[PDB]
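Use the sequences and the hints to build the structure in full.
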Amino acid sequence: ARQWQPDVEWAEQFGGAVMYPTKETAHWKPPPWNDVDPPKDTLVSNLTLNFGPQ
Amino acid sequence: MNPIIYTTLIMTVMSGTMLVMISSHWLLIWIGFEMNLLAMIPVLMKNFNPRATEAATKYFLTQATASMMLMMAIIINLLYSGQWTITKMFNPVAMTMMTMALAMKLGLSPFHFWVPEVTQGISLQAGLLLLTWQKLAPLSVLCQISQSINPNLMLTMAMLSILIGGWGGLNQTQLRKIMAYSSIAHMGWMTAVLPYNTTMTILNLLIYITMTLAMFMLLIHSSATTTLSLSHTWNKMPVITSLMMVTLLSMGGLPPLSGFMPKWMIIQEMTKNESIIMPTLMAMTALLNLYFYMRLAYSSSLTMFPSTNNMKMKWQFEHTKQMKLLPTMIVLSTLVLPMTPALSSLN
Amino acid sequence: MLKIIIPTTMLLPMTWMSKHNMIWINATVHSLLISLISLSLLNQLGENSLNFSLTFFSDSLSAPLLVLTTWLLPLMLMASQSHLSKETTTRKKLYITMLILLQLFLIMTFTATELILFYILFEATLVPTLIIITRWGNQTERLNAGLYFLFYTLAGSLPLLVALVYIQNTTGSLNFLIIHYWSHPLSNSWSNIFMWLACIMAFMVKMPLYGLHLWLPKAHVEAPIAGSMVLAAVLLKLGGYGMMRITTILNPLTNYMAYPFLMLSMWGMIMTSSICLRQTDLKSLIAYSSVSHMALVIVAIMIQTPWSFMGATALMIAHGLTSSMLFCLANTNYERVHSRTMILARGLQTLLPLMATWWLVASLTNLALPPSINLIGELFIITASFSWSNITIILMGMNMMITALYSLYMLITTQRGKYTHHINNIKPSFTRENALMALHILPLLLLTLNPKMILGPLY
Amino acid sequence: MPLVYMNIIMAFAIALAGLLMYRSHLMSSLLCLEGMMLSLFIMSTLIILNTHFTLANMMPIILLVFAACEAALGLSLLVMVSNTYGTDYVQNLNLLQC
Amino acid sequence: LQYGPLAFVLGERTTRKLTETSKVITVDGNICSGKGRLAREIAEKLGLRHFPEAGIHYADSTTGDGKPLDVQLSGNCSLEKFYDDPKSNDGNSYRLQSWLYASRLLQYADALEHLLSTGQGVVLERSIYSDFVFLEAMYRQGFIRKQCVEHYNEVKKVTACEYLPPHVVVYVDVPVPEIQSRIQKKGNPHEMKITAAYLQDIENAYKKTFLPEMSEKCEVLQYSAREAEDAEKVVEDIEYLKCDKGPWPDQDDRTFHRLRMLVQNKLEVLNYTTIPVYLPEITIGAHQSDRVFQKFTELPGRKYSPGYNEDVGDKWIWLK
Amino acid sequence: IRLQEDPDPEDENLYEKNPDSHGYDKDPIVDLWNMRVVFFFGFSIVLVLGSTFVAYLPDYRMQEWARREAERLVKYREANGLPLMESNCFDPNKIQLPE
Ligand SMILES: CCCCCCCCCCCCCCCCCC(=O)OC[C@H](COP(=O)([O-])OCC(O)COP(=O)([O-])OC[C@@H](COC(=O)CCCCCCCCCCCCCCCCC)OC(=O)CCCCCCCCCCCCCCCCC)OC(=O)CCCCCCCCCCCCCCCCC
Ligand SMILES: CCCCCCCCCCCCCCCCC[C@@H](O)O[C@H](CO[C@H](O)CCCCCCCCCCCCCCC)COP(=O)(O)OCC[N+](C)(C)C
Ligand SMILES: CCCCCCCC/C=C\CCCCCCCC(=O)O[C@H](COC(=O)CCCCCCC/C=C/CCCCCCCC)COP(=O)(O)OCCN
Ligand SMILES: CCCCCCCC/C=C\CCCCCCCC(=O)O[C@H](COC(=O)CCCCCCC/C=C/CCCCCCCC)COP(=O)(O)OCCN
Ligand SMILES: CCCCCCCCCCCCCCCCCC(=O)OC[C@H](COP(=O)(O)OCCN)OC(=O)CCCCCCCCCCCCCCCCC
Ligand SMILES: Nc1ncnc2c1ncn2[C@@H]1O[C@H](COP(=O)(O)OP(=O)(O)O)[C@@H](O)[C@H]1O
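Protein chains in written order, with the deposited numbering: chain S2, 40 to 93; chain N2, 1 to 347; chain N4, 1 to 459; chain 4L, 1 to 98; chain AK, 38 to 357; chain BL, 53 to 151.
Keep in mind that the hints were calculated from the coordinates and are not lab data. You can take every hint at face value.
Far from chain BL, by Cβ distances over 10 angstroms, these chain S2 residues were calculated:
#, residue
1, 54
2, 57
3, 62
4, 69
5, 71
6, 72
7, 76
8, 78
9, 88
Only part of the chain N4 face toward chain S2 is listed, based on derived beta-carbon distances under 7 angstroms:
#, residue
10, 138
11, 139
12, 140
13, 338
For every residue, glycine included, the Cβ atom is placed at its ideal position computed from N, Cα and C.
Structural data, given as structure tokens:
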């Protein structure tokens with residue numbers, strides 16, 4: 040008794056990383072909302088030096 | 001970035017492009033390209049994040065390679081003629097190098113990957129400037145040297161651009177990558193007509209720039225970068241979605257909208273030169289672009305997607321910043337078909 | 001033509017400036033006035049056309065189509081105001097704006113004197129139709145229907161644009177008068193074959209040709225009632241008008257290239273009638289009936305004789321009126337029971353007698369009952385086909401039998417039998433619906449009284 | 001054309017093929033980029049000096065200047081990438097896809 | 038002109054505007070503590086601007102007329118209903134939590150804009166950073182779901198990562214039995230329905246997460262009920278917190294320009310509060326969204342922009 | 053449930069509030085005048101006036117002119133013994149055939 044309008048299933052079919060997912064593209068993930076990726080916990084690895092005894 | 005530094009970098013980008021456009025010396029044209037790239041990198045990196053850094057790195061690598069190939073072509077031409085003036089090139093090898101370098105700068109296929117990657121990397125304002133201005137310069141150089149362009153190479157790259165743009169846009173669901181693939185296809189159309197009528201190239205450039213400015217400014221106004229983000233705009237400002245839908249229809253080339261004028265004029269001009277297969281294939285391939293424009297139009301205006309609960313607060317508040325010339329871009333990109341014979345003024 | 005074009009472009013601001021409750025009244029009244037004004041175009045000549053200016057001209061083929069378009073607009077307004085009660089004022093005005101824009105494009109399409117301006121307008125009609133379908137359709141499938149409609153039409157029509165610009169470069173002009181007076185034979189060559197194909201395929205897709213017709217059930221079933229009315233009554237006739245106009249420059253190659261299209265048309269006429277026999281949906285039944293009748297019109301244009309063109313014109317006008325009326329009747333039933341299935345609502349004669357009468361009259365015109373203009377057009381096409389060959393009579397007779405079968409099957413299924421017991425909300429027919437049916441059906445019988453007005457230029 | 005021009009053009013082609021074929025490091029590709037402009041400088045000055053184009057002798061200097069600007073730009077981007085990812089590897093520039 | 042890049046170029050500098058008493062102070066505590074009274078006293082004695090707790094209808098108070106709007110149009114959630122039926126089947130609890138987070142974010146933006154445009158300090162009765170304690174209490178009591186918590190964390194990340202934390206965090210510690218006693222004396226039935234395990238979860242979140250996290254950013258002042266009663270010693274303790282190890286000393290003119298451009302634009306502040314994450318609690322259908330948006334448009338002073346509403350007595354529209 | 057969605061509304065009957073309704077509008081006065089203008093303009097004006105106008109359109113198709121011309125031609129040709137229908141449309145003297 041009313042016009043059909045899209046629901047969550049429709050929206051989620053439109054909300055993936057890409058249209059037409061494959062194995063690789065399903066392994067892909069959509070980008071972050073503010074385009075800022077979380078920082079990577081890289082190791083600074085300061086040089087260690089023996090200053091002495093000689 | 002300081003506002004003064006930002007505006008001086010924008011002016012430096014524009015100055016490099018203007019030097020390219022007004023110079024009569026190949027060295028000065030190369031200097032203009034270099035100045036444009038140098039001032040353009042920080043604009044891409046304006047909002048610091050790893051994606052922006054990666055996009056700026058890829059753009060720098062591609063543009064540096066293209067500039068190196070361009071200078072090699074210039075030097076090879078000087079070797080065989082002793083001429084520094086930009087006219088018909090006197091060596092076919094130098095002309096091929098120049099065509100490859102300018103195509104790599106423009107993003108014509110098979111030199112297109114950096115276009116979607118960089119555009120997705122950078123913000124909406126940076127993508128707007130990138131597409132518009134950075135297409136504006138190399139096309140002027142190509143128009144200057146058009147009389148020596150190899151038709152086979154140019155038309156091959158143009159058809160590749162149209163096909164690749166259509167297919168990539170079909171797959172994409174991010175708005176910036178959609179815009180990038182649309183840009184690749186439109187560059188294909190312009191360079192396809194290039195070896196026959198630089199006037200038609202300029203007409204297509206102007207119409208494309210108008211439609212792209214309107215589209216990018218609508219995205220900036222609505223703060224939408226994905227399909228689902230743009231699906232919430234009907235519940236905040238339904239006018240913007242309607243204008244965007246009309247602009248998308250215009251971009252797809254439907255009559256009687258302004259996007260039909262360049263395709264029409266280019267098909268006519270190529271037919272005058274006894275080209276039929278190429279215009280027919282080009283016209284049929286644009287249906288892919290129209291398909292993904294229509295897919296975008298279904299989500300945003302012709303259907304009402306679910307919204308959220310904080311949209312009520314968004315209703316309570318009002319948009320502050322005013323886009324400059326957005327109504328004019330909307331009108332020029334949709335309603336100037338009856339003004340077609342002004343391309344003679346453009347001549 | 002400006003005395004008809006400007007009042008439509010003035011319907012636009014009037015619609016946007018009228019009050020919230022007067023939009024339907026204003027639009028209907030002034031649409032009727034514009035229809036009355038357009039009735040003056042029927043005073044045609046026997047020698048040549050009405051050359052109003054450099055841009056617009058009218059003929060015995062254009063004038064009835066313009067009158068039908070202008071008459072169809074107020075009926076669409078009535079049906080729309082039936083189904084759009086709860087809409088907002090802005091969206092009601094947008095719907096009326098789409099209808100007005102479609103009418104303006106159709107008027108300029110039928111009166112455009114250049115093939116390129118005709119192309120621009122006949123392609124411009126796609127946008128309002130697509131918006132109407134994919135926005136105000138009810139079901140999920142409106143989106144896919146719009147995609148099918150749009151891409152079928154564009155795939156058909158882009159090679160037409162290439163061919164038109166090529167012909168302009170070759171001959172210097174796309175003006176219809178000039179290409180008629182300066183026409184030359186089309187030699188049998190591959191280049192000419194593909195030019196012929198470009199033009200005819202554009203209009204065959206628009207018609208539609210059998211095998212290029214799936215977009216038609218998709219769009220006509222899934223569109224709102226006004227969309228269905230304009231899709232069947234007028235938009236299908238752009239193909240016939242274009243094919244009649246453009247075949248001036250395609251001879252004698254039309255004698256040899258018409259065999260595949262004639263075979264497709266005759267066999268698909270049979271096939272679509274047989275499909276109509278076994279359809280579980282009412283709107284799909286009416287859509288496939290439209291396909292069969294347009295197949296007959298394609299046969300008429302392809303055999304291309306003075307008797308076939310008159311039958312084609314008569315059948316196009318008659319089918320427009322009849323199919324619009326059938327869609328309106330089905331829509332009233334749907335607004336009762338909210339379902340398109342044909343066997344759900346039965347006994348509608350004992351629940352709604354006057355609507356049963358309207359169903360009877362519409363189905364009697366749908367099958368060719370003499371002396372209706374439906375029969376006049378069908379019979380002229382059949383006679384021309386008989387002169388073309390003598391087995392076309394076999395195919396035509398089979399088609400007439402199947403048409404009568406499925407028309408009366410639809411009538412008996414919906415109206416006769418016993419009412420469904422649990423459907424207890426069949427309210428008495430509204431004055432608006434009754435007046436809509438009367439305004440559909442009376443002009444058809446008056447056209448029977450004066451038939452030379454719809455027989456085209458060859459009369 | 002003398003064989004000297006052939007060798008200089010061959011050096012440019014080798015440096016171009018080096019740039020287009022990354023291995024892991026971004027610095028190595030930058031060095032390949034700097035070699036291309038060195039070959040361009042040498043070719044330009046050989047052409048100009050042979051023909052006695054006196055006013056064109058300043059062109060190789062401008063070429064060097066903009067080579068320096070490109071090298072500076074590339075090193076700046078390299079330090080930013082290394083700060084983000086810990087190495088100058090080009091495999092880390094894979095967040096953006098085509 | 039309003040603040041913008043041109044004003045920055047001309048020479049409007051936030052550092053020059055500030056008067057070294059421009060401090061952001063946030064008072065925190067469990068449910069039904071004296072944090073409101075302490076915050077009012079602190080704002081009054083220090084000459085700062087008081088910001089009452091941002092509940093529902095705060096955005097209503099800051100826009101149009103100050104009068105609150107219909108609950109159907111502003112919030113679509115009920116604190117009283119959350120107390121009555123915490124485990125509802127319509128997602129009322131998480132709808133309320135997300136709306137209150139958005140309101141607190143908007144209020145923090147308002148306070149920062151006031152401080153940056155005036156130089157006068159602000160005293161907020163609760164901030165963005167203390168909002169999650171109720172989320173943890175709801176999750177540990179089974180009121181909301183793990184998906185709700187994940188959506189909250191996503192929005193909080195992308196939103197609160199952009200602002201400057203408070204200068205001073207003043208926490209009022211009141212034991213749970215005393216909290217229940219005060220709640221019972223207050224006599225409101227809905228808050229009398231609060232269980233003791235819910236109150237303990239909020240305190241556990243405050244003591245274990247919020248207070249340790251805010252200690253790294255700057256200094257945290259903790260008081261009992263008796264100490265919070267005497268606000269003079271609280272203001273004296275505030276006035277001698279000369280140390281400042283937060284990002285405020287690191288802030289420069291360009292960073293302040295960026296922050297002020299952000300906080301003067303309320304639609305960009307709330308940009309990520311509506312992300313297309315389709316939780317059943319917060320997602321609203323197309324038809325209900327259309328109906329409610331039409332009703333809000335039909336509201337008296339809401340159809341057009343503020344200066345252009347003729348039904349509320351705006352004139353000279355044709356020249357405006 | 054996956055959304056906060058409105059229930060599907062009950063169908064609205066125009067005869068409940070207004071028993072003598074024409075189906076045009078919810079408002080009785082607007083509904084009555086919509087019926088009146090549709091009936092008057094459409095039926096009376098367009099049907100009657102357009103039908104009589106089309107019936108009495110001037111004979112610009114030249115049917116009766118052609119009949120009178122044919123009668124004159126037949127009378128003249130049968131008076132003089134000429135064939136009633138000429139064998140050729142054009143003058144063979146004016147036509148010049150190739151050798
Ligand atoms: C002049 C009349 C119009 C003729 C049009 C012909 C073409 C002109 C193109 C440019 C027109 C100018 C720009 C108008 C923008 C209007 C935007 C707007 O807010 O409209 C609503 C607005 C009133 O509503 P509102 O209070 O603003 O509330 C808006 C809320 O959204 C209300 O809340 P809501 O939620 O209920 O509203 C939602 C609604 C709100 O959405 C809208 O209002 C958007 C409307 C469409 C966007 C603008 C498109 C412009 C591009 C060109 C194509 C336009 C064709 C349609 C034109 C519609 C004009 C309203 O959106 C939807 O429902 C979504 C529907 C999505 C599908 C339909 C939209 C796209 C249609 C166009 C595509 C098809 C083009 C086909 C190709 C051929 C083109 C010619 O309407 C007007 O103000 C009417 C404008 C005209 C007034 C009369 C002017 C003439 C006065 C008398 C002159 C006398 C001359 C002398 C005669 C001699 C005797 C004295
Ligand atoms: C209770 C009812 C019982 C049933 C009664 C009805 C059934 C009986 C029908 C048979 C009787 C017919 C009566 C005929 C009376 C004579 C009048 C008629 O013959 O005139 C016609 C006149 O034609 C009609 O006007 C038909 C008009 C066609 C409709 C025009 C459009 C109306 C506007 C609606 C727009 C619809 C557009 C649809 C696409 C075009 C035919 O032309 P003609 O007899 O020699 O004209 C005579 C005048 N002369 C001598 C000067 C030439
Ligand atoms: C808005 C500023 C003016 C805009 C100019 C209008 C647009 C034209 C394009 C720019 C042209 C600028 C003119 C500079 C070119 C001068 C060339 C010249 O004429 O040579 C000198 C000019 O004389 C000078 O010394 C001029 C010195 C100027 C130094 C200061 C210039 C300011 C530059 C500001 C830097 C801005 C950056 C520009 C962006 C990059 C470029 C696109 C004269 O030599 P003579 O010996 O007299 O020749 C006759 C032989 N007997
Ligand atoms: C033989 C032909 C002669 C016919 C002449 C007809 C001339 C017009 C007579 C019919 C007009 C109907 C109304 C006449 C006077 C109005 C009576 C009245 O007072 O009622 C009004 C009627 O109002 C209306 O319904 C509006 C309809 C009247 C105006 C529309 C008619 C204008 C037509 C102009 C015709 C000129 C066209 C000629 C050029 C051709 C253009 C193509 C109030 O009703 P509402 O407004 O709906 O009530 C709600 C208020 N609370
Ligand atoms: C030569 C430069 C041309 C472009 C200049 C554009 C400047 C404005 C850009 C912002 C967007 C448009 C303005 C919208 C309103 C802005 C807010 C406002 O209230 O503005 C008031 C302003 C009053 O006009 P005012 O500034 O006094 O005029 C210049 C006086 N020296 O109101 C206005 O100015 C409104 C009218 C603006 C002019 C019409 C829009 C451009 C017309 C171009 C004509 C040619 C068509 C092709 C254009 C191609 C793209 C430029
Ligand atoms: N994020 C939230 N979620 C649920 N309820 C909240 C939230 N924030 C505040 N409230 C409610 O708002 C009311 C505010 O009371 P409060 O101001 O703490 O009392 P007092 O003014 O005595 O300190 C409390 O009943 C509390 O339950």
